[PDB]
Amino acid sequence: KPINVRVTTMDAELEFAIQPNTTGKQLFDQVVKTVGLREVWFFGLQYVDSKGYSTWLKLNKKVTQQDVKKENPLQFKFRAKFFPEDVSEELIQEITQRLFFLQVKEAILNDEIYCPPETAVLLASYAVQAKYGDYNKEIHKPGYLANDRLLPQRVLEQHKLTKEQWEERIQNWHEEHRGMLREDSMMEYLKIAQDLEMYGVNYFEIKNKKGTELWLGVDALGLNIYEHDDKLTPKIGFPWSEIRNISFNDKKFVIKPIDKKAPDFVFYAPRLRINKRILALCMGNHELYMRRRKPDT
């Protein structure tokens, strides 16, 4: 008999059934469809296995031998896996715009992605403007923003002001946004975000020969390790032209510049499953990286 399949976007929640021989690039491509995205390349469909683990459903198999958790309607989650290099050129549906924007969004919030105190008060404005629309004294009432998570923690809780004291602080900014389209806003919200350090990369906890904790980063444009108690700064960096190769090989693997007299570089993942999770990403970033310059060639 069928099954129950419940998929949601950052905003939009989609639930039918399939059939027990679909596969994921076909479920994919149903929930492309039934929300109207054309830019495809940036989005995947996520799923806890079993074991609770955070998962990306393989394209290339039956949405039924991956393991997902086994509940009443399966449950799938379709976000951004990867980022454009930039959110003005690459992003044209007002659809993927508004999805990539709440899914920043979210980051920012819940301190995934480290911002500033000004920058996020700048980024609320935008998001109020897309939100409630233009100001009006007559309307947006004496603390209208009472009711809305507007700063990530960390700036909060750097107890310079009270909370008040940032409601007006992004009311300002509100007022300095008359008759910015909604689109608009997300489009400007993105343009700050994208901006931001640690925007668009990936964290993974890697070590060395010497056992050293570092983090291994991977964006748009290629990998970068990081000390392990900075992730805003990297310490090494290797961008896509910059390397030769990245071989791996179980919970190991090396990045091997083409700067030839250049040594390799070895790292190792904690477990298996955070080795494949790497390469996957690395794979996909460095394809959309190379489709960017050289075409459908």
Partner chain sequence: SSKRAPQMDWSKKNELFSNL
Contents of the next structure:
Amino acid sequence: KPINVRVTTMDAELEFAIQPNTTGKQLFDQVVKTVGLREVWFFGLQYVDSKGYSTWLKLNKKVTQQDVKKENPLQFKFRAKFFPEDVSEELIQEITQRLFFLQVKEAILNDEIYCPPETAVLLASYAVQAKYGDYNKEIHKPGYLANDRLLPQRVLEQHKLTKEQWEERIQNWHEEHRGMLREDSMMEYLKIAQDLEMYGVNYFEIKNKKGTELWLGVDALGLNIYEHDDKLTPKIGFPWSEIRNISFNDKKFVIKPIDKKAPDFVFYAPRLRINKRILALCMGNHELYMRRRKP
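Moving from the form solved without the partner chain to the form deposited with the partner chain bound:
Only a single chain is listed, so you will not see partners or other molecules.
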């Protein structure tokens, strides 16, 4: 009484005030009212706790009873926690499109979502079209892209190409997007991005019986197992339609199938903090999966 809070979207900074009784749902609904977003089911709020870990805020719980890092103001990020199976069909509002575009671009540039060079150049090209508008020889003389972060670091290292040569390659594509509007340019970026192997998947350190280190992938379509040094190639898949239950205890996850005449799939995950997030992402991704097939 009263508690200053800052919530940041991808392109805005919001300043609110909360009371000791304010619930996660209340702060969340205020952000949504302020921003005018209706596709609320993809999003959540992130905070840093007193131990330093990034945590998703629980909505049906008081903000002051979640061990948010004590500072003036309290810091929050409004981000997408879930991703649609198809951007074209599910991202209706332009605000939803913009917020997704910006979050995905950031993850591609931070090398969190892998993207090969040619595709990265083409993606940068749409970002340039979205920011700059139509190519214009009079305004966009060589060097105009020098103060833009356009490519993932992974790309800038592997090649012999200079920064300026990369900017020429991106310019060349930008010229070809002539009459493309901002909204369409962001959607074209998203359509290409969503087909990337690492797009929309949450990766977690995992183990089998033998103790072999693997990756677990949680996404819109189901669960996937990856070998430790290849996050691009699913080795085993668990579609949501084939899953009855997911639970964990201490360090063991049990996935029960629909079939009932089929064996349980079990794996091991080290940290409780992480396992809670794994469980929550499964439930959410499973619920949204069903909704799309039962309107």
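Numbering follows the first chain given and starts at 1. Under this definition, the rigid core comprises the largest set of C-alpha atoms superposing within 1.5 Å between the forms.
Compared between these two forms on the core, the listed residues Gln65, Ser247, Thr233, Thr34 keep their C-alpha shifts below 2 Å, save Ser247.
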